[PDB]
Each structure stands twice: as C-alpha cells, then as structure tokens.
Amino acid sequence: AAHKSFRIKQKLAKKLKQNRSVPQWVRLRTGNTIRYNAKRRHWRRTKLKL
Amino acid sequence: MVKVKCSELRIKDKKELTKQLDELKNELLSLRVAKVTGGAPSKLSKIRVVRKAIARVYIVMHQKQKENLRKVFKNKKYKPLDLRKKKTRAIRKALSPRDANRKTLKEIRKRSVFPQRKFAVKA
Amino acid sequence: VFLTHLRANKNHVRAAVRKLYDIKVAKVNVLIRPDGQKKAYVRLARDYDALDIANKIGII
RNA sequence: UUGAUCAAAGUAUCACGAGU
RNA sequence: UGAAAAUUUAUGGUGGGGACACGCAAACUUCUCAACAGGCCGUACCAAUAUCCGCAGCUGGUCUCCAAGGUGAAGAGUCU
RNA sequence: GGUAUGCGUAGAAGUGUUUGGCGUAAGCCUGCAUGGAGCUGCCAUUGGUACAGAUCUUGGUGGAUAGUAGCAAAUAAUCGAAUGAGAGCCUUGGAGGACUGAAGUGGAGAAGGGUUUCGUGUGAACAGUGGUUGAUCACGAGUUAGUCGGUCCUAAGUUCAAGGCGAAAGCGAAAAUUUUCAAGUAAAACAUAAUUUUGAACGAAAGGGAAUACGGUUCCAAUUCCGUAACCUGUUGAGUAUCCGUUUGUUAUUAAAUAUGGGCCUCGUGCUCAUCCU
RNA sequence: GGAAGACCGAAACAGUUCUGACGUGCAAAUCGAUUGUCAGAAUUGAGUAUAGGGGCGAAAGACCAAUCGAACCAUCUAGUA
RNA sequence: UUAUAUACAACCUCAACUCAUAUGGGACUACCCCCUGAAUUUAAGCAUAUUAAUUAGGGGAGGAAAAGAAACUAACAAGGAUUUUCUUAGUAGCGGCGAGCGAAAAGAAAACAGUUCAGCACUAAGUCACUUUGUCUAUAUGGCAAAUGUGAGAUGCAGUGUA
RNA sequence: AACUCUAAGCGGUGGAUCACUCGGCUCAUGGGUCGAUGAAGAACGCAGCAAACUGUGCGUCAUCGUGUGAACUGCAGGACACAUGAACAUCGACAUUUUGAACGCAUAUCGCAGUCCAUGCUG
RNA sequence: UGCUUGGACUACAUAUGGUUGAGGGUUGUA
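Residue numbers (the authors' numbering), protein chains in the order written: chain Cl, 2 to 51; chain Ch, 1 to 123; chain CX, 218 to 277.
No lab work stands behind these hints: they were computed from the structure. Treat the hints with caution; some may be incorrect.
Under the rule of at most 30 Å between Cα atoms (straight-line distance), these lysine-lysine pairs were calculated in the DSS-like manner [said to hold, decoys possible]: (1) 256/CX with 16/Cl; (2) 10/Cl with 35/Ch; (3) 236/CX with 25/Ch; (4) 227/CX with 25/Ch.
Using the sequences and the hints given, assemble the complete structure.
Encoded structure:
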C-alpha cells in the first residue's frame with residue numbers, strides 16, 4: 002500500500018464499487034434469476050491480481 | 001418545460017440558443033442538490049427529461065455549425081478531412097469509378113464498327 | 218467541499234467558482250476518495266460567509 | 001624548472017572613404 | 001584503493017559594454033525590501049501466534065526503525 | 001414412413017405395491033395410490049439400443065461416529081456489577097493477581113495487501129465451543145500539501161536510429177561504419193568560428209536531490225486542516241558605492257560630495273585631469 | 001601499542017546427533033533440547049543480465065517457482081502396444 | 001571557369017524542410033495465396049521410403065484468389081486457353097521393387113471472351129500531369145478552354161502495330 | 001419393550017425417471033461490407049432508487065430525422081408536449097472521454113514537453 | 001512581458017511537384 006499509481010487507484014475503485022450485493026429491489030423484474038451476486042468479493046477467499 | 005421539439009428549434013439563433021443553453025444548465029445544478037440533500041419531492045425527477053432536453057440543443061446548435069461549413073466549403077478541392085465522405089476503405093483508395101472506366105484508344109476502336117447485333121440464328 | 222469531474226486541475230475550480238458565484242478562493246485543495254471521486258477543498262475569503270453561501274444556493 | 005598561451009597584431013597597398 | 005552524472009561556485013580570459021565630475025544617475029544589481037503565483041498525484045489501516053504468501057485468522061520464510069530500572073563483562077540470562 | 005372409424009383432464013408417460021394372472025425365460029397384461037399432458041399394438045425399415053463389473057467418470061449416502069478420533073506448544077486466569085430471551089470467555093467497564101521484558105505479544109515505516117481503518121445498527125451461515133462485540137454481512141462516513149514524495153540526473157542493462165544480415169517474425173548482439181547522421185552558438189561576408197560522435201529514451205517513493213517546522217484540533221484524518229512562525233524558486237517593483245578641486249549650505253576650517261588634484265591664472269570664475277569600492 | 005580469513009559467545013543465519021516430541025501434524029519439512037562460524041570466501045532489501053536439449057553450478061547431475069538424468073503450458077495427439 | 005586562386009549558367013549524381021498535396025504497417029482466416037518442413041506412426045524393430053512436398057507454419061490478397069490465350073498435345077480419317085466434377089485408374093512407373101505410394105493428354109458435362117506491352121517505318125511530341133483563371137455543375141483527389149503559368153517528357157512520350 | 005432380523009405404510013436426507021426447452025450442432029441456398037476520417041481488444045465514466053449482461057462516450061441505459069401510431073412499470077415521480085407524437089424499431093443526421101498501427105517525447109509515473117493563435121490576469 | 005485556460009498543431013518510411021540548396025562530380029560563358 003500507500004505507494005499506488007493512477008491505474009491502481011482507479012482500478013481499485015472498480016473492484017470496489019462492484020462489491021455491493023444485489024440491487025435491493027430488482028428481484029421483482031420479470032423472470033428474476035438473481036439471488037446474490039456472482040462476482041461477490043470478500044478479500045481472503047478471493048484475490049484480485051489482474 | 002414543454003418538450004423542445006427539434007423541429008421548433010431549427011428557426012432560432014445561436015445567440016438565443018446559448019442564452020437558451022445556460023438558462024437550463026444553471027437550473028440543472030440546483031436540481032442535483034435535491035438528489036444529494038433529499039429535496040422536497042420524493043424526487044425532482046426532471047433531470048432525466050431536462051437532460052435529454054439539453055442534449056436536444058447541442059446537436060441543432062452543431063447542425064447549423066455543421067451546415068454552414070459545408071456550404072462555404074463548396075467549390076474547392078483539398079477538402080476538409082472531417083467532411084470527406086467516410087464511406088468505405090476498399091473503394092476509396094482504389095481507382096475512382098468515373099476514372100476506372102477510362103477505356104483505351106485501341107480498345108475503343110474495336111468497339112466502334114463491329115457491334116453486337118440482336119438476332120436469333122434459327123431456321 | 219466539492220465533488221467534480223476527474224480532470225480538476227485546481228485552477229478550474231479557481232476559474233469556475235468565481236465564474237459561477239463570484240467567490241474569491243483562498244487555498245484550493247484536492248484529494249481523491251478512492252471510490253473514484255475527486256473531493257475538493259476550497260477556502261472562502263473573509264467577506265464571504267460560508268453559511269451565507271449555501272443558504273444563497275439552497276444547500277442547508 | 002607541477003605557470004601559462006585560443007579569440008591577430010605587425011606589414012602592405014587599396015576602402016584609400018563616409019561623416020566632415 | 002573504495003560509483004557515476006543533473007545542478008553549482010569562484011577564478012582565468014582576449015574582446016566588448018559601462019563610464020562626463022558641479023552630476024540626473026544607474027546597476028540580469030551575487031545588497032535591502034514590497035506585491036505575485038507554484039500545477040500533477042500518492043496519503044485512512046494492518047504492517048503479522050487474526051488484513052502477506054502459505055488452498056485456511058495455520059508455532060512455518062518476511063525488508064528495517066526507534067530500545068528503559070537492577071545484577072552484571074554485556075544489547076547475556078533471570079526480574080519490574 | 002405405412003397402419004388399427006387406436007385410448008387421452010370422465011386422468012395419458014414413468015413411480016411405488018402385503019391386489020390378481022399369463023412364458024420355459026427375457027418381458028407384458030391388470031387393480032389401487034400418487035401424478036398433470038401426452039402416449040403405445042400389428043408390418044415394413046432402422047440408431048449414439050438393454051450394464052453388477054472396468055484401481056471405471058459424476059452426483060447423493062453408509063457403517064467406524066454421526067458422535068468415536070482428538071481440538072495438549074507460547075506460565076494462568078479471577079470473584080462482583082452489568083446488560084442480555086439466555087455469558088467460564090469474548091462484550092464490557094470495577095478490582096487486582098502473572099505474563100510480553102526496550103535485539104517485546106509495545107509505538108510508527110517499507111513490499112504485498114485493497115475498504116479491512118471509524119461510527120451506527122444487528123438474524124442466519126462466518127469466528128474448527130458459545131456470542132449481546134467482531135478483519136462476516138446491513139447501513140453510513142472517512143485519506144486535503146510549493147516544503148513529506150513520485151516527478152529531474154544518471155548506475156549496472158534493457159539493444160529501443162537504419163550501415164547490416166534472415167524466407168519472413170524479429171536478432172541467448174562493447175549496433176563505436178551510418179550526406180549535414182553536430183546540441184548548436186544574439187550569428188560575420190563568401191559551406192557563423194576552432195569546436196560535437198554514436199544520434200534518442202526509459203531505468204533509484206534504498207543511491208544522487210529547490211527549500212519548514214511548532215503548538216493545539218476531529219466520529220477516523222495533520223511536517224497537509226486552522227492558529228502562529230520562516231524559507232525557496234521564478235517574476236515584477238521601490239530604494240540602494242557612485243554629485244568632485246571648489247564652494248551652492250557654509251567666512252574659511254567645512255559639508256551634499258564613495259577621496260579631487262594639477263599647472264596656469266587676476267585668485268581662478270578660466271584651464272586641465274579623471275573615478276567600473278575601500 | 002590492537003594487527004590477523006585467530007577464539008568462547010547474542011539477535012543474523014545455518015541444520016549436526018538425539019535416529020527423541022506429532023508423522024489423517026503446527027506443517028506437501030515444522031517445533032523443542034542440543035552443536036558450528038560470528039568482523040569476512042561473511043550476512044543481505046531493491047534494481048539488471050542469463051533460457052528448455054539450455055541457464056547455471058567453491059561440482060551434488062544440485063538448482064530453474066511444492067516439478068530437474070531435462071521441465072513447465074496447447075498441439076501433430078482418441079499418437080503405439 | 002578546378003596554383004584545390006572568383007562569378008554565372010546548366011548538367012549530373014544528392015540533400016533538408018511543423019512546405020504544399022497524398023499513398024501505406026495493422027485487425028481477422030474456414031476458403032485462398034508465395035513461404036519455411038518437422039514427429040509419434042506403418043516396415044511387425046529401424047536408418048531411405050511413410051506421417052508429407054504434412055499441425056505451429058504468418059509476409060500477402062480478395063469476393064474471388066492464383067492459373068489462363070500454350071516454347072501444349074498427341075502421331076492419329078487429328079486436336080487446340082485456364083480452372084472443378086465422372087471416368088481414364090487404384091491401371092503407367094517410382095518403389096529396403098518392403099509397408100506402401102501415384103499421375104496423366106486422349107473420351108463426355110457446365111461455362112465460354114478474347115486481346116495490350118517490348119522491339120523495323122508508325123513517320124512534324126502530333127504526349128502527359130500539375131498550376132492558376134473562368135466555362136459546366138457536383139458532396140467528382142471532377143468535364144471546357146486558357147495564361148500556352150510550370151514541370152515531366154528525347155536517357156523517349158502518343159497514335160497505328162504483337163508468340 | 002433394550003437391541004438386532006425382516007417385510008410393507010409413514011415421515012425424512014436426496015434428484016434419478018418421464019415429460020416439457022426463448023437454447024446447441026448439422027444441412028443448403030443467399031450477398032461483399034477489413035483502418036491514418038482512428039479499426040480491432042481494454043481501462044473507466046455512466047442511470048432516480050443499479051452490481052452485472054446488454055446499450056452507449058462528457059449529447060453518457062440513450063441520442064436528429066424517419067417510420068408505425070400510446071406508454072414503459074417492482075415503485076415513486078414526470079408524460080396524455082397522441083392534436084403537431086408515447087414507446088419501439090429503423091437509422092442517413094450530428095456526436096465519439098480514455099488507448100492502439102501512438103500521428104508530440106514519451107508509461108510499474110496521468111508525469112516531461114515544444115510551436116502558434118484564441119481567452120483571462122500580470123501589467 | 002510571464003502566468004494559468006482553451007484550441008490547432010509538431011511520427012516515420014514514402015511517392016510527384018514547390019522552395020532554399022550542397023558538391024578538387026561534369027562542362028560551358030567570362
């Protein structure tokens with residue numbers, strides 16, 4: 002940490018803003034197939050590296 | 001507040017248009033306050049409609065900013081790059097079709113005097 | 218405080234706030250909150266009151 | 001005999017002048 | 001036989017530019033002193049017997065920084 | 001593909017079965033009970049055609065045990081108060097016992113982590129025991145600089161202009177040969193003059209290196225924020241040796257004048273001599 | 001008077017004998033007793049070279065990402081018996 | 001204009017340009033094109049054969065690509081551009097004459113389209129392209145002349161003429 | 001009654017059977033469409049409550065004209081600006097951040113430039 | 001003048017002109 006760079010500050014928001022759960026109403030679409038997420042990150046059961 | 005029909009906006013002027021432009025974006029930023037402060041309606045949801053209303057203005061502003069160019073860039077060669085008929089690749093840079101049918105002299109004398117005659121060789 | 222687009226070169230805020238509100242800047246400060254947003258810091262002048270600024274604008 | 005030297009002087013005839 | 005180079009001083013140097021004495025001065029002046037801006041991004045926390053890598057909160061390998069009272073050779077080892 | 005005026009929500013396929021039966025046997029026919037939309041018999045053809053097996057592939061699930069194996073290293077926890085549906089803990093806060101011993105289980109830095117840091121709220125998996133707090137979720141905030149630092153310089157070395165070679169890609173390469181392959185330099189006609197060899201660039205938050213620190217401050221941030229106190233770099237501006245002998249001030253001695261003299265001359269007024277610090 | 005690849009020793013490292021402690025661990029190599037150097041052939045964080053029949057090796061065929069008498073990953077590969 | 005003592009005009013090789021004005025590396029790949037060329041396998045083993053003028057092979061194209069108008073056939077009562085299919089034929093020879101390889105004109109079917117270059121004699125550069133200025137319009141890197149404004153062009157442009 | 005043996009009922013772990021399939025692969029006729037005007041792939045930024053897949057490019061879940069002719073919808077809220085078009089699809093208009101074949105020198109650095117006008121303050 | 005804020009620009013290989021050309025290359029006029 003603490004000496005990142007301006008990709009790995011902007012890359013790390015996208016692997017941060019994707020760490021919500023499901024939108025908390027959108028399981029009332031038509032044909033709701035979304036229970037909880039596929040990409041769902043913890044941070045010791047899942048690594049980043051890309 | 002009415003939907004700005006772009007058919008209506010084709011009669012206006014650019015000085016009125018920029019006057020029409022900033023009259024909406026200045027009010028727009030005040031609407032974003034209610035998004036973050038949680039304003040008085042459930043939502044001041046006009047920032048969908050006024051957004052596309054704002055985007056209706058730029059293009060017709062660009063249109064006469066475009067349409068005035070190509071009439072005064074008539075009657076030249078060495079044309080503007082961004083105004084040069086963006087069609088394809090494999091027929092721009094290979095031998096233009098008014099210029100690739102330029103038949104040769106010893107091939108337009110054998111197409112002069114013995115022509116194709118439309119008969120039916122039959123008994 | 219301000220939240221801005223991602224090319225705020227610290228003088229565009231010095232350009233814009235006096236263009237939008239006639240507010241003298243004092244010291245324009247910038248940090249990037251790592252969720253992808255550039256939170257801004259600007260300091261008023263003495264004659265401008267901060268509670269008078271947003272109450273003019275509408276921010277409580 | 002652990003200094004040091006660049007960047008024309010000299011000369012010649014013309015410019016042999018301009019301003020005056 | 002114990003790195004390079006960015007940046008830097010002073011000196012040397014032929015030219016050249018200052019350069020009147022009844023003064024008006026001037027001085028990238030290496031002096032005193034006043035206005036004037038200085039963009040870009042990185043900053044929270046763990047920093048390892050619970051945030052690292054060890055398929056895991058696993059006695060395992062992890063770069064250095066500060067470093068006290070006593071006894072005593074002492075950064076020992078025992079003790080607050 | 002032909003076929004049976006084929007049965008089918010008035011229950012069609014498989015699933016069970018202590019209903020009943022036919023074959024030598026593989027296999028059907030049949031009753032009931034689920035079940036909810038399609039199915040079989042004769043005769044022509046035919047395809048990836050019937051499984052106990054392959055240290056067979058995949059997905060449940062046993063006995064041992066579904067409570068045995070063992071969760072034993074780092075001295076060692078404890079009563080009372082809370083609160084809690086419920087506490088050996090952790091969750092606290094009250095005591096007060098012992099450890100870590102300053103080449104710590106302590107305070108902050110690197111690589112790597114990437115939202116863990118913080119408040120607020122909590123039910124279940126998560127914490128190889130519990131759970132009222134957690135490095136889990138829910139939900140909110142949170143990282144401010146001219147001086148800290150990347151940024152410039154260059155190190156071993158990437159071989160990274162087209163001289164070259166290779167069928168092309170590209171070359172486990174001190175590319176030192178490549179009209180001028182000069183950076184140029186206030187410059188002068190009449191290749192501006194002797195001059196410059198590799199032209200380019202990356203490469204160190206550990207080496208080189210513009211310049212600062214002090215006190216307090218928040219729910220978490222500080223050589224950054226305010227309070228106050230300096231500096232650097234660049235730009236601009238103002239003052240800043242520098243007015244003489246003499247005589248304007250002043251009788252002169254003196255004084256603005258950084259230190260005036262000189263011969264001459266009627267003294268010199270005239271003349272001459274000149275300051276790029278003492 | 002303080003020189004030497006000099007000695008006994010500590011964090012730095014190494015890994016000897018016990019063939020001791022678990023050998024469905026604490027672990028796809030570690031813990032606990034013991035032992036050696038310890039001011040240089042020393043110990044090491046970063047940068048950079050070296051390439052699959054070769055790199056590198058104070059030389060064991062060690063080491064090259066838990067693989068090393070030739071890796072490691074897709075194919076000609078349902079390769080042959 | 002060359003004791004290496006000056007100009008000017010050409011020429012000739014030859015530069016430099018934030019000149020003008022414009023063309024190209026790249027993506028994909030089944031098919032296609034010129035390339036480089038391996039191996040298990042088969043021979044009961046293997047070394048020439050085979051896998052094969054083959055998978056990476058990568059440079060190139062397109063709606064076609066390459067070929068194509070014979071320096072061919074055949075040897076006959078002749079035929080006649082190139083490509084794909086049926087057959088020639090699993091026959092001719094190549095073969096450790098081992099395993100295994102392997103065509104072909106000729107016969108019939110689709111479609112059919114033949115011709116510019118070079119070079120005598122072809123006999124007033126009669127050529128071509130920019131430029132600018134207008135004609136004419138058009139999303140033309142455009143049609144008509146001109147100044148005959150350049151330059152290209154005799155080291156050869158054009159017309160007619162070609163196995 | 002414990003327990004163990006055995007049938008069925010019944011509850012329970014399980015997902016096999018049969019059915020159903022907004023999909024797969026095969027078969028064959030059609031057409032020429034690949035960039036220096038910025039392609040192909042990525043990074044991000046996206047919207048009211050939004051992570052994705054899909055859509056886009058500061059005009060950011062869509063976009064001018066066009067066509068057809070009233071809605072998308074879990075909900076709030078705007079529309080009925082149908083009647084001078086909802087919402088679709090078509091699509092010619094305009095747009096096209098960021099990077100490539102990097103067309104500035106150049107990337108483990110959003111860093112270093114250089115030319116010229118425009119536009120603000122020095123002044 | 002310098003600051004900050006916009007734009008346009010500023011690859012290399014390369015073809016045909018354009019400009020300025022360099023040459024004890026080759027002559028010619030002197």
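How the hints compare with the structure:
1. 256/CX with 16/Cl: Distance of about 20 Å is within 30 Å: holds.
2. 10/Cl with 35/Ch: holds, 27 Å
3. 236/CX with 25/Ch: Cα-Cα ~14 Å, so holds.
4. 227/CX with 25/Ch: holds, 22 Å
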